[PDB]
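Below, in structure tokens: the form deposited without cytidine-5'-triphosphate (CTP), a single chain.
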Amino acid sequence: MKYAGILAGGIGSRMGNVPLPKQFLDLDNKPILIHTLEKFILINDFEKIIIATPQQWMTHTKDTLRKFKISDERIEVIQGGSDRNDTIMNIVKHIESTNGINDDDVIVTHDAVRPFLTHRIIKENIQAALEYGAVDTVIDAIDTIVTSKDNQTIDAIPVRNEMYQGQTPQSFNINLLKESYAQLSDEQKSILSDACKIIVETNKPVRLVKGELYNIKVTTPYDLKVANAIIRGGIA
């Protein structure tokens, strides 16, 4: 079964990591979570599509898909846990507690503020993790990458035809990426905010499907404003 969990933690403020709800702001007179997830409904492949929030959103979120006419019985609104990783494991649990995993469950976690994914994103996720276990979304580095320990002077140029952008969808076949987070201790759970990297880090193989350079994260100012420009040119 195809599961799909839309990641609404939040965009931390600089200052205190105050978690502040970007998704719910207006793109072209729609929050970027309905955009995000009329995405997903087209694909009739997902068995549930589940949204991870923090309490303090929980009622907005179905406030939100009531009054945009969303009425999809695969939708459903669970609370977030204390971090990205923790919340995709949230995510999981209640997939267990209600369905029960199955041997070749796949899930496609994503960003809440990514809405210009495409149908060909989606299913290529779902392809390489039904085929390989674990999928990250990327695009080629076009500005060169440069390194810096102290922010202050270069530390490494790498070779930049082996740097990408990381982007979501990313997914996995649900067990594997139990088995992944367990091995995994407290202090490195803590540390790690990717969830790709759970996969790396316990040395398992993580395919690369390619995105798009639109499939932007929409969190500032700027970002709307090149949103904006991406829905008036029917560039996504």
Second form
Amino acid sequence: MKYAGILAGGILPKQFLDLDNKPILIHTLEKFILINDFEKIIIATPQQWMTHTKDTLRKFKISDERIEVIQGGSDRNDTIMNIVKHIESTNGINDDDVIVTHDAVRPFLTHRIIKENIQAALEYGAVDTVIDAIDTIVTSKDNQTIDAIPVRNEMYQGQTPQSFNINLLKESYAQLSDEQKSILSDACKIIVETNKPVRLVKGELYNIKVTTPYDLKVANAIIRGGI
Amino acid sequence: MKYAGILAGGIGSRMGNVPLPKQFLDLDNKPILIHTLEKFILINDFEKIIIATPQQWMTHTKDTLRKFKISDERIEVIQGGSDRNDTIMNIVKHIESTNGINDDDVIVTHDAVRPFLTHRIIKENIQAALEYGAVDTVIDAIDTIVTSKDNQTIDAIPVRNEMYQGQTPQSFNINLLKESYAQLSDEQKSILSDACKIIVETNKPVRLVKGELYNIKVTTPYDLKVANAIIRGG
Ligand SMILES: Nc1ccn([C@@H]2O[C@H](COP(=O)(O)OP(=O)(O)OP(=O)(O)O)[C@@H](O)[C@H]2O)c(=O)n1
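Could you please show the structure of the form solved in complex with cytidine-5'-triphosphate (CTP), as a counterpart to the form deposited without cytidine-5'-triphosphate (CTP) just displayed?
Let us now look at the entire complex, which starts with that chain.
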């Protein structure tokens, strides 16, 4: 079975800001609603915003019975595991279950990205949505001087969705210590650190994350430009 | 002395590595190249602003300078090289044959299609190059960076706090860059697309100067639409 997990547990908080007279969260959700194969599309948000989010869905005439709003966690991976735990306590986990986890503030993902994510999770178990690194990547351990500059052709910018077999995600995450979880910049590293493969799905240059005011200006350009 | 080297070699196509003259595309009724140059003319401390571009584009570059009334006596157009680093060295060699290199000379090298750099970025580059010899303009990674050696599976996912997206300008004390570059083999002349990697690979420090989220490289139609937004709005 196929599940969507829309991650709105972050901090008016950026996931509810208006983008073209419709909240960013709604733009993303609309993309997930058009996929009929999700058994449930689970939105996780902070406790104080859950009823407000449900109300905002009602405001935009979205009544799809597949949508459930749940309480998120204290960090991003805590939120993903909250969604899996909700699934486990509601439906139980099937051996073939997959979860498509996705940033609420990335409203410009496409049908193709979701379908490739779904298919990639079913076939290989774990997948990251990426594009070729737009810049040369440079590293630093002191924030003052370069430590290393890797070969540019091996570098990718991680985006979302990130998609997983639910049992694989649960068991892998269960293996990590609290310190090992302290560094995880994303969810796919849970899998990498537990020595299972993570597949690549190509994103889009316009699949941006709205985290600064600049990103909202770029997003407005993306929407008015139709892309 | 302080020199600017504006790198106008084009943007290579995935298949063929054909140079496309993206710097001549229109951004609000002025070529991208003209916006970038206008940013450099405002820095009074530059002794020369040398644009190096392929031989086949030099006349059109000069014609474009004329059409947009760019009359600054410091602007000069020269022939570029076989790759980005060879073009940088074409600029260095031109400086040496014209004025001669001083021990304190620095060169601020910059992508022609990065028109949104700021006065602060340029001044900080100059100061950092004078004091420390080598500088990369960078921003904190916003995305998690992931690696792949086969374009199919992840190889590693490093700590995001240590990852940065490199931009330009990249600025160097000229004799230092020359000495470091002179240390590289003919083979390493092919891999190193980046100019700061010359220095890193030759075991000299490179300072970080922080860039801007909007200091984008205008290389795609998508990037061009966003650039039109950035420009119209500030
Ligand atoms: N405990 C958390 C933290 C983040 N996210 C979501 O992960 C996505 C990525 O946003 P990010 O860049 O990681 O930043 P935030 O943690 O949301 O907030 P800040 O801008 O302060 O970093 C966001 O949609 C966020 O809502 C989440 O679901 N639960």
